[PDB]
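Please arrange chain c on chain W, whose structure you already have, making use of the hints.
Listed here are the chains, written in short residue letters.
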Amino acid sequence: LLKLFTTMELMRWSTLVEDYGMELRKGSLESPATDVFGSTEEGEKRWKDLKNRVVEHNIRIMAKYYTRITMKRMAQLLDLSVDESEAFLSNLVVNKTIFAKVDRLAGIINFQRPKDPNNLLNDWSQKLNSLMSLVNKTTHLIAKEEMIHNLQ
Amino acid sequence: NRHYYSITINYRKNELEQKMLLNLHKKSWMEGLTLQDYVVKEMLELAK
Numbered sequence: 305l306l307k308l309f310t311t312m313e314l315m316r317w318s319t320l321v322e323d324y325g326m327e328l329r330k331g332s333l334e335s336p337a338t339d340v341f342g343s344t345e346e347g348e349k350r351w352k353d354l355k356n357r358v359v360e361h362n363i364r365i366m367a368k369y370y371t372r373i374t375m376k377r378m379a380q381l382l383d384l385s386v387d388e389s390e391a392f393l394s395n396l397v398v399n400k401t402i403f404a405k406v407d408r409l410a411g412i413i414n415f416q417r418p419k420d421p422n423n424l425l426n427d428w429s430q431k432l433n434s435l436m437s438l439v440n441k442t443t444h445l446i447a448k449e450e451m452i453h454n455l456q
Numbered sequence: 197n198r199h200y201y202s203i204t205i206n207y208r209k210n211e212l213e214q215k216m217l218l219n220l221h222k223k224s225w226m227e228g229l230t231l232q233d234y244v245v246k247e248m249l250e251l252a253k
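Top line first, the protein sequences correspond to chains W and c.
Take the position in the first sequence, starting the count at 1, then add 304; the result is the number in PDB author numbering.
With PDB author numbering applied, the second sequence covers 197 to 234, 244 to 253.
It is possible that some hints are incorrect.
[Stated by the list, open to error] In the DSS-like style, the derived pairs of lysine-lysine whose C-alpha atoms are separated by at most 27 Å in a straight line are:
{"no.": "1", "chain 1": "c", "residue 1": "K209", "chain 2": "c", "residue 2": "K223"}
{"no.": "2", "chain 1": "W", "residue 1": "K419", "chain 2": "W", "residue 2": "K352"}
{"no.": "3", "chain 1": "W", "residue 1": "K405", "chain 2": "W", "residue 2": "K441"}
{"no.": "4", "chain 1": "W", "residue 1": "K368", "chain 2": "W", "residue 2": "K400"}
{"no.": "5", "chain 1": "W", "residue 1": "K441", "chain 2": "c", "residue 2": "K246"}
{"no.": "6", "chain 1": "W", "residue 1": "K352", "chain 2": "W", "residue 2": "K307"}
{"no.": "7", "chain 1": "W", "residue 1": "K355", "chain 2": "W", "residue 2": "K405"}
{"no.": "8", "chain 1": "W", "residue 1": "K431", "chain 2": "c", "residue 2": "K223"}
{"no.": "9", "chain 1": "W", "residue 1": "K368", "chain 2": "W", "residue 2": "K307"}
{"no.": "10", "chain 1": "W", "residue 1": "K431", "chain 2": "W", "residue 2": "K448"}
{"no.": "11", "chain 1": "W", "residue 1": "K400", "chain 2": "W", "residue 2": "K376"}
{"no.": "12", "chain 1": "W", "residue 1": "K448", "chain 2": "c", "residue 2": "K222"}
{"no.": "13", "chain 1": "W", "residue 1": "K419", "chain 2": "c", "residue 2": "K246"}
{"no.": "14", "chain 1": "W", "residue 1": "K355", "chain 2": "W", "residue 2": "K400"}
{"no.": "15", "chain 1": "c", "residue 1": "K253", "chain 2": "W", "residue 2": "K431"}
{"no.": "16", "chain 1": "c", "residue 1": "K223", "chain 2": "c", "residue 2": "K246"}
{"no.": "17", "chain 1": "W", "residue 1": "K330", "chain 2": "W", "residue 2": "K368"}
{"no.": "18", "chain 1": "W", "residue 1": "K441", "chain 2": "c", "residue 2": "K222"}
{"no.": "19", "chain 1": "W", "residue 1": "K368", "chain 2": "W", "residue 2": "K448"}
{"no.": "20", "chain 1": "W", "residue 1": "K368", "chain 2": "W", "residue 2": "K405"}
{"no.": "21", "chain 1": "W", "residue 1": "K355", "chain 2": "W", "residue 2": "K368"}
{"no.": "22", "chain 1": "c", "residue 1": "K223", "chain 2": "W", "residue 2": "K448"}
{"no.": "23", "chain 1": "c", "residue 1": "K222", "chain 2": "c", "residue 2": "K209"}
{"no.": "24", "chain 1": "c", "residue 1": "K223", "chain 2": "W", "residue 2": "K441"}
{"no.": "25", "chain 1": "W", "residue 1": "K352", "chain 2": "W", "residue 2": "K330"}
{"no.": "26", "chain 1": "W", "residue 1": "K419", "chain 2": "W", "residue 2": "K376"}
{"no.": "27", "chain 1": "W", "residue 1": "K431", "chain 2": "c", "residue 2": "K209"}
Think of the hints as simulated: they come from the structure by calculation, not from any bench.
Here chain W stands alone, though its shape is the one from the complex:
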């Protein structure tokens, strides 16, 4: 679970179910399990909110390659079903702590960022800062090339 604190470990949920159901199968310290999954009205609810965890934190982690993603292949890369993904979209999207944009006009929509509606600002940042990096290139090009030419 500590490893889960990066990349979300978008793992087959049943595998983690093994990893945390064999806690109840501990021939050692098992009171951890009973505090976690020896419970029913909350321990099984802990499994449920763990599904919540995997889906919503995967929504978090996967925010990079977006602007093109399908409702079906969403579930395919979600370790959970499509209408399961439908309810997950629904709750995370009415919660809307992030701003995505989606529509079943195609179903190929995504847990997006503002979807880049911006003017030159994008171009501005890009051109300016990149060109600046290039002047930096030059200004250390002279330096380091001279340095490697010191002995000569």
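Just chain c now, kept in the frame of chain W:
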């Protein structure tokens, strides 16, 4: 003015340095490398 008559003054022929007194100045005071703004949007946004 009694006890105080002024003398015509001047600066030296300083090209010996005036050269390096403008060469380094112009080269730096003007975008140094000069390959920098070549600010261009946010400036004209506020401008226009």
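To see whether the hints hold, each was checked on the structure:
1. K209(c) to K223(c): Answer holds: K209(c) to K223(c) is near 22 Å, not above 27 Å.
2. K419(W) to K352(W): violated, 31 Å
3. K405(W) to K441(W): Given that 27 Å is the threshold and the Cα spacing comes to 39 Å, the pair is violated.
4. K368(W) to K400(W): holds, 18 Å
5. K441(W) to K246(c): holds, 23 Å
6. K352(W) to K307(W): holds, 20 Å
7. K355(W) to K405(W): holds, 23 Å
8. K431(W) to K223(c): At roughly 24 Å apart (the allowed maximum being 27 Å), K223(c) and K431(W) satisfy the hint.
9. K368(W) to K307(W): Roughly 20 Å separates the two Cα atoms, so the pair holds.
10. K431(W) to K448(W): holds, 25 Å
11. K400(W) to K376(W): With Cα atoms ~21 Å apart, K400(W) and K376(W) stay inside 27 Å; holds.
12. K448(W) to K222(c): Since the Cα atoms of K448(W) and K222(c) sit roughly 25 Å apart, the hinted pair holds (cutoff 27 Å).
13. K419(W) to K246(c): holds, 22 Å
14. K355(W) to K400(W): holds, 18 Å
15. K253(c) to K431(W): Status holds; Cα separation ~20 Å.
16. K223(c) to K246(c): holds, 25 Å
17. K330(W) to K368(W): violated, 39 Å
18. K441(W) to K222(c): Cα-Cα ~22 Å, so holds.
19. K368(W) to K448(W): Violated. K368(W) to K448(W) sits at ~35 Å, over the 27 Å cutoff.
20. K368(W) to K405(W): holds, 15 Å
21. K355(W) to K368(W): Roughly 22 Å separates the two Cα atoms, so the pair holds.
22. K223(c) to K448(W): holds, 21 Å
23. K222(c) to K209(c): holds, 20 Å
24. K223(c) to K441(W): Within the cut-off at roughly 19 Å; holds.
25. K352(W) to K330(W): OK: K352(W) and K330(W) at ~22 Å, within 27 Å.
26. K419(W) to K376(W): holds, 20 Å
27. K431(W) to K209(c): violated, 46 Å
Violation of the numbered hints given earlier is confined to hints 2, 3, 17, 19 and 27; the remaining hints are satisfied by the structure.
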